[PDB]
Amino acid sequence: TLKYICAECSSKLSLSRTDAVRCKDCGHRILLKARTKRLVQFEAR
Amino acid sequence: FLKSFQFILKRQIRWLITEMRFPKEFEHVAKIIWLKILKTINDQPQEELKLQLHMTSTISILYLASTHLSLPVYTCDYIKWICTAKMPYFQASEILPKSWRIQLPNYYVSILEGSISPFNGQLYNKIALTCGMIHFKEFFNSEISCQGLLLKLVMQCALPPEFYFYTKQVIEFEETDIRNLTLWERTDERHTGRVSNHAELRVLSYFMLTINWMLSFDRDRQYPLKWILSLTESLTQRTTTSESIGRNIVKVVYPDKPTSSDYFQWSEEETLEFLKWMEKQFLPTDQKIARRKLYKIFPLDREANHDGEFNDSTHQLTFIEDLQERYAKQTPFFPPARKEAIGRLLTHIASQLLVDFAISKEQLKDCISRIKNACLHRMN
Amino acid sequence: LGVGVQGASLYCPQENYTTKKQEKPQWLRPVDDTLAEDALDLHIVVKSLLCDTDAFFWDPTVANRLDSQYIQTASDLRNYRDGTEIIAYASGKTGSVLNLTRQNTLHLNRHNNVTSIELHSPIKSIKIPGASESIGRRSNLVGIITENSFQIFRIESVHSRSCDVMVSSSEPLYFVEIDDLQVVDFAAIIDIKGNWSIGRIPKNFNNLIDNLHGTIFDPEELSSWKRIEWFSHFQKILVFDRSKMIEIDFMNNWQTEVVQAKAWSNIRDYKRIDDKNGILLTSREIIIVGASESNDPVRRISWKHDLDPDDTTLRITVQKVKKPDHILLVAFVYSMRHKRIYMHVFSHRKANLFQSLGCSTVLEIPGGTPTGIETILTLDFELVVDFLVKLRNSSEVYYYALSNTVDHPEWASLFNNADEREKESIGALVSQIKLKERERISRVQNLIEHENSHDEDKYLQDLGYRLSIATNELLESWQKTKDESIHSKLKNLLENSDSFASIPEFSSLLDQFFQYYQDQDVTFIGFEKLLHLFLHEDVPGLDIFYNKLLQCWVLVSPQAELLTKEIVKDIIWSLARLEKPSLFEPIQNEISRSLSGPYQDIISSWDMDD
Amino acid sequence: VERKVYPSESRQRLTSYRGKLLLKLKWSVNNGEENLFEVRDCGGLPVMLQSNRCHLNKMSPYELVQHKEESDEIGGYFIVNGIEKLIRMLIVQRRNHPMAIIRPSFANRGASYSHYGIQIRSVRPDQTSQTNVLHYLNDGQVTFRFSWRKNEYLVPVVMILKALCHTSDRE
Amino acid sequence: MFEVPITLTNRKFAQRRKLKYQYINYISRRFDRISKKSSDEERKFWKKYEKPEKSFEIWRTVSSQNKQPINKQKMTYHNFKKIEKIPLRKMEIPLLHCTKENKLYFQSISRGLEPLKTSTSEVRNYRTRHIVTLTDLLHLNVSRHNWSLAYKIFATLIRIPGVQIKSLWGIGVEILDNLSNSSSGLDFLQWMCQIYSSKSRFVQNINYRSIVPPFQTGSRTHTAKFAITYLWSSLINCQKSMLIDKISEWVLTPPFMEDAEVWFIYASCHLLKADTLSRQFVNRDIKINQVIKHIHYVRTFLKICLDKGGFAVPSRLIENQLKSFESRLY
DNA sequence: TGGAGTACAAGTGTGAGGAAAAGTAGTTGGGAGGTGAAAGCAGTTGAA
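Going down the list, the sequences are from chains L, Q, S, B and R.
In short: position in the first sequence from 1, add 25, done, that's the deposited numbering.
Residues 104 to 388, 405 to 453, 469 to 514 (the deposited numbering) are what the second sequence spells out, left to right.
Residues 16 to 68, 170 to 215, 219 to 306, 316 to 335, 343 to 515, 531 to 555, 569 to 649, 656 to 779 (the deposited numbering) are what the third sequence spells out, left to right.
In short: position in the fourth sequence from 1, add 116, done, that's the deposited numbering.
Residues 1 to 38, 121 to 324, 345 to 385, 397 to 443 (the deposited numbering) are what the fifth sequence spells out, left to right.
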């Protein structure tokens, strides 16, 4: 499960090899990386 | 090219088993036919073989598994199923291989797609190379079921079935060795013989001389003049069958002959089904957000009150129903201006006979004179 | 006046929603576009008839072969009587034969008398000019063009006691300059190929070209269409080709190339409307209504509409309509390839104000296609129009009043041969079927009286046994002939192969004959799932195949009954290919020929992949 | 497809928020007998935010939020290669008003230059400046100072007084 | 019959244009060396000419310095006989490389004889063949005032690959004349002037096939026919909702600094404001000196319409319209 | 009567005309780049 997000339409997005860095719904070049369920720990202080 | 031609061969054979119900042994009949043309490839050395294949090669080696099984399918049905896009013939290079396309050169993709349609009897002439590169004589049997042929041709024109045997006595009288309307073979060169040596086309010229001889030579005065006007305009009546609208597509593709621009006199409802057929051409056939914004503003389905769910009981009559309008129209059953008014039906049976069999005019006209001065020839 | 101009060009294509707003705050139509609005205009024919009589190209030096318009002769230049409509047309063998009244439609006269002057050259153009409303009359003369000459005729003082139309003449002025001339107009003003001249017409038929002329000769134009018209009466001619329009004043010394149409169009036709100012121009891709100018009558190019049909042989006819507040201008383009028409309805208002409505089309007669369409002046929103056509491969002149309110010769001249010994011997087969149809109706009627009998049941008992011996012989005829690696008859019997008459009862035999076999080498193809290419639909049973075929020939035959039985039975004698061997037969040869090619041919012989 | 760039895009992309500069020429030959007019592209000139030429010009604080800006987006600056820069304001002399100034750096210029001199900073209607200085020399001579192309030109006054209009010696 | 939006290319129609435009050049270069004493072969021929690019035809108006004297030097047979022989004798070597009908086509078009077989006929492609079927019924049902059926033809026609700008925007009355479940027709013209609008220079040296300037492209010095269509139809619609500020801002953003027709409609936006606002419904501080802009914007934007090239306006009638606006201003 | 030319037909021989997805061709039209002072104060030379 590959996930980015476009900064314009907020449509979640995967990006394979030999692709343009563009969104597929809109034609937007800036495209930001989402976060997944991954463990980070914090001392509640 | 031999690799991708077999996959398209596999996919055309798959649909005939899947919907139209040609048997699960019929795949195996054409398979050895595909295997013995590979032995003709084995007959040539691989260095400069220059194999002779075309898009007619996939209609041909399907045709020689068909009448070997003595099926009622012919080239009249191989010219409808490719034009109405029922089996993947045209644009078969587009969607079929899906991996072998990226490695396939610019003329092995254009030969392999449906670029041109078979014209002026091109379809029979690949069967001549199919009966020469492997001999279809002395291996298989070139006999045709010609009664499955003439059964279809009666209800197309809706004459009384008296002409079935009247055509049949014509064929028995002319053919040496009465039976065995066999398919010809040609192994020699590119010289297609100007004789109309093919079995199914001979039946069509035998049928042209029946409708003249059984009406012009009738002293019995059984056939009235009101019936001639009632069989012409019973055959000159356009309706909404899946045959006549499948006939409309074949009338499109051929540019040279008349009744090619037949769409100027289409009715209202007949035009819609030509567009309802257009939902069977697009399923075969970065700068995508542009067209998506135009496909949004032109939705291909109707914007409101469509025709899929809550439409009707029926709109489309079946192929058995127009004959109850074709045979019930002709109530009359019990002259130098009549022998020209035999031609109003002689040319109107002709137009449906040229374009539904993919030959020109002179391919039937010279086919007459190789039969007309050959049936009268036997007496004197 | 509106807002849309450019000073050289002025456009209004189809449903552009044109550029002529003004925002009039009068609370009734607050916009004055170049478009009208009304209801529809469907056109119905009123058909009548007037008179009658290399291969991949067409020679553009022909213009017309017929003309017909109201005339006013010398006796009508004297008396109260004004207006008789005539026709000037060609007929005969090569069109070199040169030769009326309105009851309710246009018709040829009662006295059936044409004026046959003999001409020794093929006719390329026939026209009468028509006069202007500043000279008050309708012109009595007529100018035509032959292939070998240039002859000018004149109608003079026709009769009413016999409707006699007689001609005076000018002489045939042959090509003293030896070049073919193309299009004439009077309104002896001539246009030769590339060059032109202004002529003088004589009143003296009892026994010419001035010293003012010119040329438009384009070295980079390879066709020979040329065209001249008087424009706005001030001695200004408009000389055309398929490339450009030149405006030439032949009274002063002042020439102008006005239109230049070499880039993406040409010039197809230029009909001079009988109006003095408003005149249409037909190009390809656009229909132009370029009129003359108000201050100085030189040229003022007015509102035009684009024309989608493209062809090389397009012409136009154009007929006015006089109404109180406006004037319509219908625009019928036509071609030499098809039978269709294309029309448009412009409108002329008082301040040289132009508008548009839309477009429509009609259908015609299937013998050939039109080559020339001519309208009727008719001597003077429920629109009416009238015209008359002339089709190619024909010579008839129909009549039409459109208003708001296929036998090929080769399929006919190929049969019916005229010999004496061969006059009835073709009908020997006609006598042969009458010897067999009378026979083969009595042979079947043996079996028709047999209905659920034992006398017909014992045939099928012998039939299930006469096929059963030679078929197990045939099954073992394929094991002895199995060592081959190198076929179906159902005519093994010789009794009659016709002697049983039932659709359901033979299916009891053959399905029991199908339950006969269970071993290998014997395989039967389907019939209830394989017959269905004829009805093009479901055939759940072979019995109910016949059911709707019984509902098919009820009215069209005597007794309609036994023939439909026996053809369905003949399909069982024709479709039943039932001698396929079993699975040892394909499998022994799907690997043997796979061995005749090497390992390169193995993987390139591959199925079962998708 | 032609789209519309907002300055939130120029901060993620780390690029300049530029508007296109067009500049139509008058190529006249033989002093106006044949003119050749061509608008030309002169590159992007960066654009101050919430000005006439920004897309945030007359735009609600609701719509500044829907276009990724602060609700009270301030404007008044340029975005140049991601860095968000502005132009300092300068204190300069008042326009179009002569200033009687003594300056010790007037006798720097050489012989007989006194410490006195009028100075006016005259601006054109296109807000372009041109400073004239009117010196006083100790010999009674009064001069006129100006600049042109980084160079400094000393001239007498009564050559500039007498070239402006038709002057007598009482005028 | 109708024009079909196909980039159909055959070598037979491409050699016979490579054959004819060769023959035009030798016989025009022959006419050069007679009138004085008295490599592609198509890219060379069009360098003589100037393509119109605002119009199908370069209309040269008459009342100017384009007057000309008549050459009374007519063409006789003896001038026409040897000016055509030696270019025909110099054409003789490629006339065997061509087909047997091209040489027959050539000697046909050596003597006039305009052809009769059009390129839309003998293509036999099955993909262009359904194009030519669908284009004619498209133009027929719009002509036959049938709109639900033409909307179904046109939705099918644009989805076939190979089609052009030709069918797209011209007969988009099918949304404008539907108005029942419509997309209003003006969203499609917005689709046109957002993706096809380019400000490239018309390069004029390349030989244009299947894209033609005057009715489908939008270069510099030629505003597109669909761009100015989206101007007028969105101002007539802008009246008929009684948003004028939405387009008066929108027209302000392009500096179409060549053409004069966009300056009239940019005056006509404020002329609709000064007609609508000048009502006031009283039987008074800011509404009087806001219209005094809108009168002044119509007056200055009409002058720059006169400052640009040829587009005449009834500026005598507009000042009769504008003074009648002033009668309620006072 | 015994012997020659009309033309029904028929197979022999030779290239030519057609198709298309690919490529290279010919122009443009953008883009970021890359190829000294403010003041001393001294020593030294300055000059007719």
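Everything labelled a hint here was simulated from the structure, so no lab data went into it.
Built from N, CA and C at the ideal position, the CB exists for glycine as well.
Misleading hints may appear alongside valid ones.
[Unchecked claim] Quick list of in silico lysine-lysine cross-link-like pairs, DSSO-like style, CA-CA up to 27 angstroms:
{"#": "1", "chain 1": "S", "residue 1": "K645", "chain 2": "Q", "residue 2": "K127"}
{"#": "2", "chain 1": "R", "residue 1": "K199", "chain 2": "S", "residue 2": "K406"}
{"#": "3", "chain 1": "R", "residue 1": "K20", "chain 2": "R", "residue 2": "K164"}
[To be verified] Coverage of chain R stretches by chain Q, computed from C-beta distances (three or more under 8 angstroms per stretch; other residues unrestricted):
{"#": "4", "stretch": "168-174"}
{"#": "5", "stretch": "237-251"}
{"#": "6", "stretch": "313-320"}
Outcome of the hint check:
no., hint, verdict
1, S:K645 - Q:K127, "23 angstroms, holds"
2, R:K199 - S:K406, "25 angstroms, holds"
3, R:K20 - R:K164, "19 angstroms, holds"
4, 168-174, "violated (count 0)"
5, 237-251, "holds (count 6)"
6, 313-320, "violated (count 0)"
When the structure is compared with the earlier hints, violations turn up for hints 4 and 6 and for no others.
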